[PDB]
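There are 2 protein chains.
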Amino acid sequence: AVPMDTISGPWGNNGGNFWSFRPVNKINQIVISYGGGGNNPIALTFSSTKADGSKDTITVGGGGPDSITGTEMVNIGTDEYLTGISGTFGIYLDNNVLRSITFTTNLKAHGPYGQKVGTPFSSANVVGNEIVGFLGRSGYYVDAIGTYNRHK
Amino acid sequence: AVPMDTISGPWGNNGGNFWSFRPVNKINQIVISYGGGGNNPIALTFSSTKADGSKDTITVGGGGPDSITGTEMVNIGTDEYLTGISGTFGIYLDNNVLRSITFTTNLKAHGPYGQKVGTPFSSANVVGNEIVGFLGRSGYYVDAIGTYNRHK
Ligand SMILES: CC(=O)N[C@@H]1[C@@H](O)[C@H](O[C@@H]2O[C@H](CO)[C@@H](O[C@@H]3O[C@H](CO[C@H]4O[C@H](CO)[C@@H](O)[C@H](O)[C@@H]4O[C@@H]4O[C@H](CO)[C@@H](O)[C@H](O)[C@H]4NC(C)=O)[C@@H](O)[C@H](O[C@H]4O[C@H](CO)[C@@H](O)[C@H](O)[C@@H]4O[C@@H]4O[C@H](CO)[C@@H](O[C@@H]5O[C@H](CO)[C@H](O)[C@H](O)[C@H]5O)[C@H](O)[C@H]4NC(C)=O)[C@@H]3O)[C@H](O)[C@H]2NC(C)=O)[C@@H](CO)O[C@H]1O
Ligand SMILES: CC(=O)N[C@@H]1[C@@H](O)[C@H](O[C@@H]2O[C@H](CO)[C@@H](O[C@@H]3O[C@H](CO[C@H]4O[C@H](CO)[C@@H](O)[C@H](O)[C@@H]4O[C@@H]4O[C@H](CO)[C@@H](O)[C@H](O)[C@H]4NC(C)=O)[C@@H](O)[C@H](O[C@H]4O[C@H](CO)[C@@H](O)[C@H](O)[C@@H]4O[C@@H]4O[C@H](CO)[C@@H](O[C@@H]5O[C@H](CO)[C@H](O)[C@H](O)[C@H]5O)[C@H](O)[C@H]4NC(C)=O)[C@@H]3O)[C@H](O)[C@H]2NC(C)=O)[C@@H](CO)O[C@H]1O
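In order, the protein sequences belong to chains B and A.
So for the first sequence, the entry's author numbering puts the first residue at 2; every next one is plus one.
So for the second sequence, the entry's author numbering puts the first residue at 2; every next one is plus one.
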């Protein structure tokens with residue numbers, strides 16, 4: 002049996018389409034796309050820059066016609082890596098979807114981004130753990146999210 | 002609990018790093034990167050073009066210093082979708098890694114690409130099944146590969 006990285010979660014709901022992104026190099030940039038002219042998350046982008054200049058990337062959510070009205074940009078820089086996430090799920094335009102999210106690294110907590118309303122979730126804060134990818138479900142918005150994990 | 006798409010495999014070996022790529026739209030572009038001046042697979046690229054013009058993409062393998070010496074380009078066009086994979090694992094430069102691969106769609110078999118030596122694997126051909134993503138392991142080369150699946 003070929004080992005796979007241990008999954009935390011996903012947290013959230015069963016709507017939308019499954020998605021998964023675990024690139025071989027470090028995820029160093031995240032985009033939270035907002036809709037509705039407020040801080041309403043509608044899509045997430047995760048990207049990993051390769052030494053050859055290529056960039057692994059995925060965008061999940063934003064599958065409907067919603068206009069993106071704003072973004073938050075998150076950079077995970079040198080000697081920095083993702084260690085945890087937390088956030089909330091709740092109603093946006095009659096959908097129970099991601100409403101806020103925090104990306105925590107070994108250095109800082111990036112966030113919270115969005116609206117801190119709704120049902121909470123948080124990954125397990127494990128000393129020496131690195132989030133090396135994400136998975137979940139999405140459609141118009143982000144229906145669920147979890148993590149792939151690897152120890153330092 | 003939050004459903005995830007059913008995994009077939011992975012087939013192969015336990016070396017390298019775990020990787021995973023299940024984009025929300027269809028994978029329409031594959032690159033098989035070769036090394037060594039022959040058809041020796043060293044990396045795989047999977048890409049999915051979104052209607053907004055963004056392109057989800059992952060490249061796995063090619064993590065060492067090897068020069069890319071050739072490629073095979075695979076296009077999965079309109080009314081076409083991936084349905085199965087097959088190939089072999091065997092020794093390349095003292096590593097037991099992917100040596101050949103075929104990408105089968107509802108229209109055509111694309112391949113075999115590489116060298117038809119080594120230990121065989123193939124996914125289950127299921128009427129109405131669609132491969133919606135891939136996962137596996139990789140380092141310098143491709144150590145293992147499997148599929149995410151969704152039915153029509
Ligand atoms: C400009 C502006 O600001 N306008 C505002 C309006 O937007 C707003 O109205 C509200 O808008 C939201 C957002 O658009 C609406 O929510 C969406 O609704 C659509 C349509 O579905 C609803 O309407 C249908 C009738 O028109 C009805 O049949 C549906 O059942 C649904 O009805 C709703 O039902 C709920 C209760 O269940 C009620 O509370 C609602 O009132 C009622 N609405 C209506 C109008 O009647 C829906 O598609 C959207 O869902 C997608 O996204 C969410 C979030 O990510 C996911 O959870 C869903 O699963 C949907 O994603 C799709 O998921 C399926 C799987 O389930 C995927 O299918 C797979 O596809 C793959 C290929 O990928 C392959 O083919 C597989 O085989 C297949 O299974 C699919 O891909 C995926 N889609 C995408 C794009 O990825 C979302 O729920 C809301 O309904 C609407 N409300 C009202 C009252 O109108 C108003 C304020 O209300 O304000 C304006 O200003
Ligand atoms: C120009 C030209 O054509 N030159 C030709 C030569 O290339 C060729 O020589 C052969 O080359 C190949 C390819 O370069 C060599 O194979 C690679 O070797 C390296 C180095 O390791 C070997 O050498 C060490 C000493 O030098 C020794 O300590 C090692 O144990 C290993 O030794 C080999 O052992 C085998 C038996 O097991 C013997 O048969 C060999 O003879 C012997 N060789 C030597 C030289 O002694 C190795 O790194 C490469 O492995 C990576 O890639 C494979 C395939 O994908 C994976 O299966 C591996 O796991 C490796 O990937 C790494 O995997 C680890 C996890 O296991 C990842 O670590 C994680 O990383 C994350 C971050 O991503 C995080 O930090 C985690 O914490 C961490 O765990 C890691 O990321 C990942 N790496 C990458 C880049 O992704 C590969 O095996 C071959 O050894 C060599 N042979 C000889 C005899 O020299 C010659 C012909 O032979 O011809 C020339 O022309």
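It cannot be assumed that every hint is accurate.
If several chains are the same, the list does not tell them apart, and a pair holds so long as it fits within one copy or across any two.
List of simulated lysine to any residue pairs, SDA-like, C-alpha gap at most 25 Å [as the list claims (entries may be wrong)]: (1) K27 <-> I92; (2) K51 <-> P66; (3) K56 <-> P121; (4) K27 <-> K56.
Hints in this document: simulated from the structure, not taken from any laboratory.
So, going through the hints one by one against the coordinates:
With identical chains, the CA atoms of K27 and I92 are never at most 25 Å apart, being 32 Å at best within one copy and 28 Å at best between copies. Taking the closest pair of Cα atoms, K51 and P66 come within 25 Å of each other only across two copies (13 Å); inside a single copy the shortest separation is 32 Å, beyond that limit. For the identical chains of this complex, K56 and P121 are neighbours neither inside a copy (32 Å) nor across copies (31 Å), given an alpha-carbon limit of 25 Å. For the identical chains of this complex, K27 and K56 are neighbours both inside a copy (11 Å) and across copies (19 Å), given an alpha-carbon limit of 25 Å.
Figure legend: structure checked against the earlier numbered hints; hints not met, in rising order: 1 and 3.
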